[PDB]
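Enquirer: Here is what each chain is made of, one letter per residue.
Number of protein chains: 2
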Amino acid sequence: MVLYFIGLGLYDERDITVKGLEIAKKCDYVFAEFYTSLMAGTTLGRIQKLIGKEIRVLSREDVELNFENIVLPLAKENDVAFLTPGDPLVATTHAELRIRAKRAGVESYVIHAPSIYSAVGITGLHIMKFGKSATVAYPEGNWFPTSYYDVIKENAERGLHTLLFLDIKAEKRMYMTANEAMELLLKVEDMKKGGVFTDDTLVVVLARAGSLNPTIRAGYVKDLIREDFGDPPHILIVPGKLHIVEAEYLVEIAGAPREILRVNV
Amino acid sequence: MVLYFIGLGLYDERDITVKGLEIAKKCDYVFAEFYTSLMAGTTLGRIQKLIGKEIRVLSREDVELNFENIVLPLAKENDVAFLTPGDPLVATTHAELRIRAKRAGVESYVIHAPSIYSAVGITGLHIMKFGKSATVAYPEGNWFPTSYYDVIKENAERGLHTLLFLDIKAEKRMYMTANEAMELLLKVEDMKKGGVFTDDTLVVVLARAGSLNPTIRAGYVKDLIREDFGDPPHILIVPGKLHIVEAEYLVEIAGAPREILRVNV
Ligand SMILES: Nc1ncnc2c1ncn2[C@@H]1O[C@H](CSCC[C@H](N)C(=O)O)[C@@H](O)[C@H]1O
Ligand SMILES: Nc1ncnc2c1ncn2[C@@H]1O[C@H](CSCC[C@H](N)C(=O)O)[C@@H](O)[C@H]1O
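Sequence order for the protein chains is A and B.
Sequence positions in the first sequence follow the UniProt record's numbering and run 1 to 265.
Sequence positions in the second sequence follow the UniProt record's numbering and run 1 to 265.
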């Protein structure tokens, strides 16, 4: 009669909250999806072992299309767990699954977990200063999305930071790198020529948040465009005007050039 | 010889990540602070028990003026852990404490936890649609902070949601409620009169995120300002231009007036 949306964390199988782990163990069935995002620091098996129960993976279609046929039915007569990377209702369309639960007379509860949306706070950039967020999608066929470009422009204009989620082909297990995102923007800049993203623009790259050894680097596009930030997942941030304090943190902890202390403050 | 920054979560002691717990367990000394936020579902005793360590709680001044005197020193001889509500680097200036740890010669690591910043997802509002954030500060005497008003304004202008962190005075055990926040905003409406916040404005309130039954309400200032939302902590949200899908979740789960469904395109 109960369905729990349990967050799985950022990186590995230990980023789940204690609350989420116990509740999962008590559930009769445990489903999980791994398309919205991917747990780079662990494996389906490791996760299974930790929780103890056996996890049934759902595809994008299984969820978006037949969640009410695969999951909800059991949730009627039992206690079901739905596991998703990061935080349950973040950056995903899962929030509407709660509406379906209600429609089927099923109670749903949310168990949160760290999100990349809030873990960027490790970059020293002030959470309160983040403006509208966006996704840098891969150009395909005749489709070449460039909206993120504008999102970055409206935020910088008002002195806010822009968080750019990078593209992901969960299926193909293919991650978009910070470099590839920096490349695309340069092309969008070259087409729109608004002076929003250029070799002189300051950027921050957060790689593998959640890990004890994440990669936090700040620098000018021309200098980071070809730097190796390690294995995915990646996150690109185009900061607005920096606080002296924000800036010091990027220099002292993300190896930012001293130049930002005078040019970007 | 290191320093760990561990998040405790949103509501009770089980909101810490397994990663965080297992690390806190194997630490020599465990500091903390409960002034940046309020965990409405636990006690220092329950945390200590779960951690199996004695937690010395520091004050803002202890931290802001003596961290390198009370904490870092031990960090050179032992593994120290500094716990905090929710995520330690969200809506706090703790990130600066890392610069200290460094100049003191002390490696530091960050372990995240669910944060109110990403927990707003449960409201049904898209995470990427949130623009700049702000805090509604308690007036102190003849001083009346108004900043947050312009933040709301600036965001609604761009059709983005606004996350309003409510003030806290842990020392006095004062926890601004969503009602108090609304009341203050109305007064600021008279001051600046910009048609930013009025009896007819739609607002969303999230109370006690992290609990299995948080209070999620959406409605018009006039109908909510007098409504009881339960014990703090509270968070107030001023949505921008809704999506039909956001409107549905608000109506179906937040209990918003069905009229909001008919969006004005
Ligand atoms: N640990 C991590 N480090 C850096 N980026 C990450 C990451 N985890 C996820 N991401 C970013 O977030 C995107 C997933 S979109 C969904 C976000 C997820 N629900 C959450 O709450 O975290 C990935 O494509 C990548 O751009
Ligand atoms: N569990 C919770 N439920 C509702 N609001 C919360 C909350 N936790 C924090 N808040 C809001 O955020 C304010 C504290 S600011 C600190 C936030 C914390 N660092 C985090 O990561 O979440 C509170 O006064 C309240 O306005």
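Treat the hints with care, as some may be off.
Note that identical chains are pooled: a pair holds if it fits in a single copy or bridges any two copies.
Below, computed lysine-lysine pairings styled on BS3-like, alpha-carbon distance capped at 25 Å [to be verified]: (1) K187 - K241; (2) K222 - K76; (3) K26 - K49; (4) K129 - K169; (5) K241 - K222; (6) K241 - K129; (7) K241 - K25; (8) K193 - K49; (9) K153 - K49; (10) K49 - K25; (11) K172 - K25; (12) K153 - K129; (13) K169 - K76; (14) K241 - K153.
Derived from the structure by calculation, the hints contain no laboratory data.
Enquirer: With reference to the structure, classify each hint as holding or not holding.
Expert: Hints versus structure:
In this homomeric assembly, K187 and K241 come within 25 Å of each other (Cα to Cα) only inside a single copy, at 23 Å, whereas the closest approach across copies is 31 Å. When the C-alpha separation of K222 and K76 is checked against a cutoff of 25 Å, the pair qualifies neither within a copy, at 55 Å, nor between copies, at 38 Å. In this assembly of identical chains, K26 and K49 lie within 25 Å of each other by CA distance both inside one copy and across copies; the values are 14 Å within and 22 Å between. Taking the closest pair of Cα atoms, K129 and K169 come within 25 Å of each other only across two copies (23 Å); inside a single copy the shortest separation is 30 Å, beyond that limit.
In this assembly of identical chains, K241 and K222 lie within 25 Å of each other by CA distance solely inside one copy; the values are 19 Å within and 37 Å between copies. Taking the closest pair of Cα atoms, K241 and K129 come within 25 Å of each other both inside a single copy (9 Å) and across two copies (20 Å). Taking the closest pair of Cα atoms, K241 and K25 never come within 25 Å of each other, the shortest separation being 46 Å inside a single copy and 40 Å across copies. Taking the shortest Cα distances, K193 and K49 never come within 25 Å of each other, neither inside one copy (52 Å) nor across copies (59 Å).
Neither within a single protomer nor between protomers do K153 and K49 lie at most 25 Å apart by alpha-carbon distance, with minima of 46 Å and 49 Å respectively. Taking identical chains as interchangeable, the C-alpha atoms of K49 and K25 lie at most 25 Å apart whether they share a chain (10 Å) or sit on different chains (21 Å). With identical chains, the CA atoms of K172 and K25 are never at most 25 Å apart, being 30 Å at best within one copy and 39 Å at best between copies. Proximity of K153 to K129 under the C-alpha cut-off of 25 Å is found in both arrangements, the shortest distances being 15 Å within a copy and 15 Å between copies.
In this assembly of identical chains, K169 and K76 lie within 25 Å of each other by CA distance neither inside one copy nor across copies; the values are 32 Å within and 44 Å between. For a Cα distance limit of 25 Å, the shortest separation of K241 from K153 qualifies both inside one copy, at 12 Å, and across copies, at 20 Å.
In terms of the numbered hints stated before, the structure departs from hints 2, 7, 8, 9, 11 and 13, listed from lowest to highest.
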